[PDB]
Each structure stands twice: as C-alpha cells, then as structure tokens.
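Shown here is one chain on its own, the form solved without this ligand, set out as structure tokens.
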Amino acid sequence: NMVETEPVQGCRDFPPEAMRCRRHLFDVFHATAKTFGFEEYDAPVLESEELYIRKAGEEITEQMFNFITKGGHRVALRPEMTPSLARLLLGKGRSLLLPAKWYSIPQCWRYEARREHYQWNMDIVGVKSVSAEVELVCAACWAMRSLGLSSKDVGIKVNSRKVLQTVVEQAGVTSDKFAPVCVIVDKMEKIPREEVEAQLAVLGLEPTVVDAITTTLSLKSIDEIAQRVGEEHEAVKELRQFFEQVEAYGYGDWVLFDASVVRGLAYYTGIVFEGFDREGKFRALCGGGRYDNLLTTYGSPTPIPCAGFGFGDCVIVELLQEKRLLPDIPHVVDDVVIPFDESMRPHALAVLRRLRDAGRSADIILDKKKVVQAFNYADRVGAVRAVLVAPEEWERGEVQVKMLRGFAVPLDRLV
C-alpha cells in the first residue's frame, strides 16, 4: 500500500505551483508593510489556552484547536494573532517605544466537528487618534491595489462601535453585555433578524432595547447617526475625521460608511472596518478595528491604545482568481549549464560557479544525458540561456551560448 498522500483533514499542501501563488500574495503583504513603515514580528503558533478566554460567545474562541501537552499546560494552535501581539508588547518592558507599527503573516488555526489559514496582521500601538485607522485602511487598500484590484472591485466599510455603545448605555444595559451584543449583532447578514433578536432576548435584553439596537444598525448615513446620538458625539467626530483623512490620502473611492458593521471580536472599542467585494459574491476580505482596552485587560498598568486588522489568504485568492489576476507564473532560471559529455563536467562546474558568483540563477545538468535531452530540460525549467560546455570551445577559452542558434563566447564575457 501507499502512505496517505492527502494532508491532515483541514490543512493545505503547497507544492511549488501553489507556493508561487502564496509567495505572490505574501510578497505584497511584506512590500505594503515596508511601504507603510511597519516592522515584522513573530511568535509561536502554540500559545497558552488561557490567552483566549474572553467569555463573549465569539466564533473565534469557540472554534479553538486546543489540546493538553502533558508537562506544560492546556495549549492551543493560535486562532488569531492579536493576543500574542499583546503578550509581546507587555513582555517588552518600558523599552517598548511608542508609537509602534508591527506586522506579521501568521498561520492561524480553527477546529470544527478549513482548519488552517494565513493571515496578514497589521497593528498600530500607542496612537489614540483616528489617524491609526486611516493608515491601516489605506494599507489594506494599497495591498489590494498592488494585487491588481481597484475601487471598482472592492471597498472597505467603516463604522464605530461607540454608536452602539451609547445606545446600549442609554437603554440601561450593563456594559458587560455590550461585547456579547456586538458578537450577536455581527450575525445580522448571516442569520434571520428574528434570530438575532431571539439571541439578544436570551441575553436578557428587553424588546424596546433590542429595537433600539436593530434600528441603529440600519441607519444609512453618518448624518442619521448624528440625529440619534448627537452631532458632537465622539463617534461622529471620529468618523468624519476618518473619512476626510482617507479622502486626503486619495482613497476616498475605496471607503464608505456602514452602520451594520460591528465585527465578531469582543475587544473592539472604536472604529471597525471590513473589506468586501463590490459584486457581493465573497465573504469578508479583511477586517479590524480599534481595541483600546485589551492591554489593560491583560494587566498593563496604564492603558495602551491599539488598532489593527487581519487580512486572510483564502478569500482574496478566490477573488483574484475570479478577476483573472493570479495567472500561473512558471518557474524560471537564468542559465542551464550543459556538459557536452561527462568528461566536461568539471569544467561545466567551474562555469556554473562563475555564473552564480555573478548573481545569476543557474542549474547544471545533474545526471548523464544527451545534449538534446539537456535542451529539453532547459525548456522545462524555463531557462533564459543554455550554456553548452564542449571540448573544442573549452580549448579556445570559450563556451557555447544559446538564447532560449548557439554561439561561442569567451568565458569572461558570459557574465
């Protein structure tokens, strides 16, 4: 029998073909981070399970890929990066210089009865003002633009949880139900409205409060939220500022207000946002927001404002494929060095060294094969040039070069 060739249940293999696609995407994530002044970090995929106990009914924490070690504790393959980021920030001492702009491209994990995805994370730490969210949304737009998408293809929808926070506060509800409410109300587009209301009732919320919540989610303009919660309410000022700053940067066509956007995570406190395709065909492309309390929650002596997003590797690829923006780009190499026969191998190796020393990418024919088969290989591997190392030419201090009709060239002029 054969060994099992399929990977573990919910997990992806990346042979070279699929890896090029992933690298194409990751190259954009690194390049955009660099363009925006963000610094790379990483942490272990294995974290203490205690890091993810939030008690808000979040899908992210419910679907934890956890297990017990033995000697150690209860651990989990990380379902997200943000708790790890906060751990690193706190573990950094007073030596953490603010503002800090950190990014990573972690694999994250889930379990249900797709268990693995990569997620670009970008976070700005120590910045109170909406300029953090502006920069983050602009980075997400820049990355999509770098991938060949335009504002005709995609948008980013923006809201502030401070609106719903006030509506909930003024209705007489305890603030400890706010996060679970956000979590439930996040389900609006996914489940029937009566079911959202049913779940809010199970939380103990009165029908008039539920209606207030319902209503605010469906207001189509910022001017309309200004009517409900006050024109100088801090969400109104912050959203106006957010839009005017994104407009000034030149991404006005990419962004829009949507009162129904809350996101599914407990810890967002301010502006929240979600990337979407304008044909309404795919799930969220990316999502994030401000989370000013999380570090306090983790034991920071002083509050540290934060905002950030995650941008998954799966939805974006489906969208780019639909838009024909991910053609296969076959493997290439600059040179294939071809020994005329095995006696020429030592000389061909010196030639291969010379080429690589000059910054070229180059293969040599490894097993014994005829020149015609060697040219076949050169075509297969996508060589720009074949360098044939034959006895006559070698005597003259030359090799034969064919751009892929073969011409003798002095060794020195190869590079």
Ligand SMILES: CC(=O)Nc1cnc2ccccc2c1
The other form holds:
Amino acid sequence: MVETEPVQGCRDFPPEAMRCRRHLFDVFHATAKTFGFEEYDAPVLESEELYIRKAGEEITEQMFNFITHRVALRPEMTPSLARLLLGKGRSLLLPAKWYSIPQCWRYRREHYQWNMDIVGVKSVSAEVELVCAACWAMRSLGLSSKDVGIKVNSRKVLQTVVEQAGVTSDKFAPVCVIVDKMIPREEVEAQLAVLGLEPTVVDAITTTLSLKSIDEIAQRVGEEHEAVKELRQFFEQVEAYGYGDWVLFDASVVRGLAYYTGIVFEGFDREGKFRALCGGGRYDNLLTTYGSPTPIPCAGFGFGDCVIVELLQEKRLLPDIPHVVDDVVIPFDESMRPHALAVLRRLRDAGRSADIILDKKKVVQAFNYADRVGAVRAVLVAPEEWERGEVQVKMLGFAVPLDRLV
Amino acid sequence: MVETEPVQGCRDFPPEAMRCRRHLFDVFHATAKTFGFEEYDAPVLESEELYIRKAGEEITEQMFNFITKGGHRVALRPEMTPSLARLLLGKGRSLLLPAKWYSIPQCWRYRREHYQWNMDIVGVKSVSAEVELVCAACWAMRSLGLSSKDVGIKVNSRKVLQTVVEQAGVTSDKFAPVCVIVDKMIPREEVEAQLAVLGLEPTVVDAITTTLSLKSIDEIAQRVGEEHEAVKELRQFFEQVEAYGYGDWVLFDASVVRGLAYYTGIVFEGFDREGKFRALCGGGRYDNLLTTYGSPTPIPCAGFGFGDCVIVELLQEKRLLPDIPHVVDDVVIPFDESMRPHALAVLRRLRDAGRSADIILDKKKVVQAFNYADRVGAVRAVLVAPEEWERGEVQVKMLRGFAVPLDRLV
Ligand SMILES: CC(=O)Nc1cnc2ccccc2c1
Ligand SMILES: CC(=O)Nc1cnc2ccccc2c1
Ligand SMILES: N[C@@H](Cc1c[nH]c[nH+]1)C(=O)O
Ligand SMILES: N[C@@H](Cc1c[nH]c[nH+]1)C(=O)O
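For comparison with the form solved without this ligand, please write out the form solved in complex with this ligand.
Below is the entire complex, every chain and molecule, led by the chain shown above.
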C-alpha cells in the first residue's frame, strides 16, 4: 500500500473539505468584486532574491527554499505583487486594486491567503477600504462586530520615538520585528539590546505601545503628527462607511513584516482565543527598495484560510454543505439509456445540473443514489411514458412532456 | 532593479491575462457543475514514490523533483491522477461510489508549469463513464465557442493492441512500455528501434504497426472479431455519444494510445481539425491503477486532463478570446474631500445591494474622476455633490447626469 497521507504539514481537500474551502473563497472573491478589485496571479515558485530583507522576520526565517538557481516556494505574495507592478512600470494605470488567493509555503507548512492591495493611493482612504473589505468578508461569513474586530495603529509614532533617541533608521524595521513579538517583556527587552538599544530607548518604546488612546498619542508626539492626523481620518472614514463598531485603536499593533511604513492593522476574535485572522498595512518604500525610479504608495493585507475556519467552526458558522444537483436521470433499464441521454442533454442545455445513472442498476437503487447526491429531482425514463412523449418526474411522482421538463 | 521577469518557464497573470484564464476556468467549473462533478484538491507537493511507474513515460522523465532538508524525496506534481488515487485509496470503503471528482491543479515539469482541468469517474465499469467524460470535454469546448468543425475527439481502445501483443507471446509487463513507445509514433524507424530494445521481434512490431493503421471499427472487427470487448465497447460508446447529440464531435482512430502507462481500455484525445496544434485534452480508462497502489478490491476509473495552454492558442486563432475589459457597476465620486464621508455612506448602500462599486480614493477633480470611471469600465458614475445631498440626492450618469434619491439608487 502507498502512503495515503499527504506530505508532512500539507492538507488534502476531498469534496467535503473542498466545499468548506469553496464557501470561504467564494466570500473572498465576492468581496473583492464588491470592492472593485481585479484578480491576479503569479508563480508559487519565485527567486529567493525576492525575500532577503535581513530584518529577522519570522516569515523569511521559515522559508521553504531550495536549489534547482536559488528559488523558493513563496512564503507570502506581496513581493510577487511588487515584481509584477515593477515590471509594468508607467504602463500601469493607477490607482490599481489587485487581489489573489495564493497558496503560500513554509518549512502546517502551507496555507491559502487572500491578498488585497491598493497601489498608487497616498491617502488613508486606502487603508480604510482595505479594512472595510476585511470586515465585509467576515460579516459575509456570518460573523458580527461582537465576534471580531480589527485593531489599528500607525508605525509612524514608534518611528518618531526611535529617531528621537538617535537610532539609525536602518534599525527601525528590526525594532518593529522585535516589538511585534511582545514572548515575555524581558525576552523582547533583551533582543532590542542586541540590536544596540540602551535601556532608556527601550523604556520609551515600551511606554508608547501601552498608550491606550489617540489623545494620549497626541499628548506625547503632538496633534499635528502625521500618525495622529492619519489615524483620525481613518476612523472618521470607517465610521462614515458604517463599520465603526468593527474597528479600534491599539498602540501595541506593529506587525512582523519589515516593510510596513504607516498604518498597520490586524483582525482578532473578541474572545481572545485565536491568533490573528488577518493582517496588513501601508508599505510606501517597498517598490523603492526594489529599484523603482519613483516611489509608489502601497497598502494591503493578507487573510489566511486556517484561523478563520477554526473561528467559524467554534461559532457553528461552518455547517456541512452537502453536495447538490438538480436532476438525476434514471433509465428504466439499458434499453432506455439512449433515450435517457437525449433527456439528460436537454436538461443540461437549459442550464440545469444533471446526472445520468452510469452503471447498471435497479430503479429503487437509482433513486437511493439520487438522494445520496442531494438531487432535487429524479427523472425516470421508462418505455411506457416514452411512447407518450413523456417521462416520470419525482421531487425529493408524475408524468411530464419533454418540452415541459425545463 | 530586482528581476521583474518570472522564474524560468513560469507565467505571470496580471489582471488582463488573469481575465482570460478566469474565462477558461469558469467554463471548466460550469461544465463540471453541469455534469454533476464535485471539486477536490490536494497538495502540489507530493512524495516522489507516487510517480515511479518505470514505463519510460515522458511525464515521469520530466519530473520537477527534489530532496527536502529532512531527506525526503518529493516532487511538484507532474499530473493529478496519482494524487486522486491516493485520496480515493485513503477513503477506502467510506467513499460512496460512483464518484465524479474534478480539479484544476497547476502541474509542474523541469514552459515548466500549466493548469490542467482533471475530470474523473470512479466506480463505473461500463463505457458510460468514457461517454460522459468525452461529452464533458466537448461541452467545455462548445461553451468556449468552438464547433465540431473546429475540433473533435479521437477515440480508441487499448484492448485491441493488448490482444495483439498477447497473441505474439509477449509478457504482459511489456504492454505498458509498448503503449508508451507506440504513442511516440518521431520517425517510424525510431519507434521500431525502441520496441526492439524492449525485446520485440520484427514480426510482433509489424502486427503492432498494421493495427494502428486500421481505419475503422469494422476493420478492427475483421482482425480480432466482432464480439471482442474493444469492438463491443467502442460501438456502445459511439451509440451513446450519438444519443447525447455529440456524434459530429467524435470519431475512431486506431493510432491513439496516449503516453501514460496506466490506461487499460478506451483512450481518447481532443484535436483541432486544422492539424495545427498538439492535443487539447487526453484521457482514458485505468482500471488497475488502484490495485497497483494496494487497493484490496479493484476499482474502475476513467478520466481526462485538459491543459490551459493549447486551448488558449486555438481560441486566439479562432478569435474567440477577445480582450474582456474589467467592469464595475458604480464609481462613487465625492465632489470634494468635504463630501467623502457622505460618499462613503452612498458607497456602502451600493455594496449592500450587491453592486460592485468603487469610490475615488485619492484627491482629484470631478472630470478626472469621470475619466477614471470610464477607464475601469464603470457602468455608472455617481457624483456626490453638496447641492444634491441637501435634497437627499446624488447625480447619476450612465456610461447626461441626472439627480436621484438615495433609496432609489439600488
Ligand atoms: C496555522 C496555519 O497553518 N497557518 C499558517 C500561517 N502562516 C503561514 C505562512 C506560510 C506558510 C504557511 C503558513 C500557515
Ligand atoms: C504548452 C504547455 O506548456 N503545455 C504543457 C503540457 N504538459 C505539461 C505538464 C507538466 C507541466 C507543464 C506542462 C505544460
Ligand atoms: N504579506 C502580508 C500581508 C499583506 C499583503 N499586502 C500587504 N500586506 C503578510 O503575509 O502578513
Ligand atoms: N493524468 C492524465 C489525464 C487523466 C486524468 N484522469 C485520467 N487521465 C494526463 O495528464 O494526461
């Protein structure tokens, strides 16, 4: 016997499991369409060059890479997106809103991640729309603002604090990667020291993450500080769109990725049971680091397929969806198969989903099968009715003319 | 600059290219739904064990395989059927049969990458399986705008060649390699030479050659008899496709065997009627595969694969792939930034009603917002101006410009 289990850390999706994944992906697609995003894709195999950011990101540390040329199964999509945008150059109409549902990889070693990104929008209206899109998808899955929310912050506050301590800007990214981890405080404090931060700088960093309102941020760095102005705009806009109950400020949110420059956010369950449901932020330098002659504003998020499903299971929002089909055509016997095929054809021409019983079996077993596959309707093709130009129809029984079947 | 081009042999799908791929995949999904097939998936990374059939198949020769840090032999799948077999084998007697499963996996080779619609029927002994599969393939092609004048499906049974090979005293273990070789018929001299190395005397090769060049089912009947399984089965097959209404799409070709070791009965492949392209799709019955994998009971199977590259080229030639421009129902335009919060309330209402709507995100003049709306293929522009708003209205323009109440917008 071969190994029936999949490769370590990877999932199978037989029809039952696939119906669940499809229910999720439908929402992702429908939400992207509702928001005017365009689908894109790129290869799961990318060059390893793409992912060498040197900030000690967990995402790059756990990279599923190998030698053919140094390549890797993508751990995230954003770098692939950047490559595509960079390739298009001035030919790309901006603003652009691009989305995808890539499988992404790590050495669970795989997950699907809905990505949504807005390109060419300087203003926080980008982050507003992205955050509303994430909420929209969660609400579409049956979740409420009682079940989940999105925590929101700007990295610019911490930037100012780090810069005011005389820290080289090249340490800012690593700092964020470290502060994201806050493991015990003592552990995070120790890691900052290794980067080269004296205890006074660490204290200032700590204090600002524990500030509980935007007003308190304003008191520390000023009301005219970009972060304050931008965050206020952000909440004003989400309030106006009608999702004010879904969003809130949290000064501890920074995310683990090196490239976020401004607003950052993450979805969470209100019971404190699960890891982050989605995460993202503004990354206005990324394309400059890739060699764009002109800076290109960007913001986006990723929304994994594993945590959301667990949450939905806990909330009883993932009932088993049984397979369905409109009609099952049953030949009374093999002499009726050619006539049943003509009927089957007509049913499918009218846009119905139809089976015909393929192997040899008795009518009552054909009916059982029809129930098993969730047929709405059983269409028996018997010699008696056929001579009258009819078939027997049974809902899940009466004679019907062929033209009247559809 | 980083390298903007993708890894060697792999494709990018920016929105324009992705719309084309989506148009194709929609047809695959719709056809599968129309035929009552259920979607499935499995990992693109499988164990290399799965693909070691030892018949010299082109598919296994060109395998994109590698060793993990932990020393396990894995490969990016070159086809889906082995993954399917694994899933079925894993389910055991818990699987209701018959089962009709489909997927659109990306598959890989060392172009190194393509998408391949797979459709398979499990648990059906009779040729009704192959009938349905073939009709499904035709159905997808017709849905894409192709006719029976543009394409067809060549059909054969491997059982004819089986009988001929067995009657020459050939060990059954050579039958699979023979099919793999005969599939290649490169020059005849080249294929003749390869059969000799497997260990076939020229008389056996001659018999093989002759049967592939037989041009009708009657001629096959003359050679192996009218009551031979192959003849009976092929006749049933054409009778059934004729009855379903796709008789013009299908025909017999004794040279079709396919390159895969595991096909045991009927085999088939789609082709363009102008002789310009490689095979559009291919498949057949493979009744032993699950037994080779260790199933305690034999499990009838048949299926096909339908790649995404050749079909698209054909559709381009036939002018059936016009550029589909992106569309969206509404573009909401704030007259200025003071109107953004009101435009957001409007945007919200539009999306609540199931419409696809943008709001202009950055700061720009109305006329530029209108241009943008045209660029993204907006059916409708919804201007939110301070004047109309005090009346409980907005300006709507179709793509002139009339005032409308908010509740009437949807
Ligand atoms: C719990 C889980 O499987 N999620 C997950 C989260 N991040 C990943 C990142 C890369 C590859 C696989 C990943 C999988
Ligand atoms: C035109 C094309 O790329 N066809 C093709 C056909 N078979 C394949 C099999 C595996 C990977 C890529 C493949 C690509
Ligand atoms: N790539 C990020 C999410 C994201 C997409 N776009 C911007 N951010 C992640 O994997 O967490
Ligand atoms: N795996 C086959 C197609 C197929 C699927 N099922 C049966 N046949 C191929 O790649 O040619």
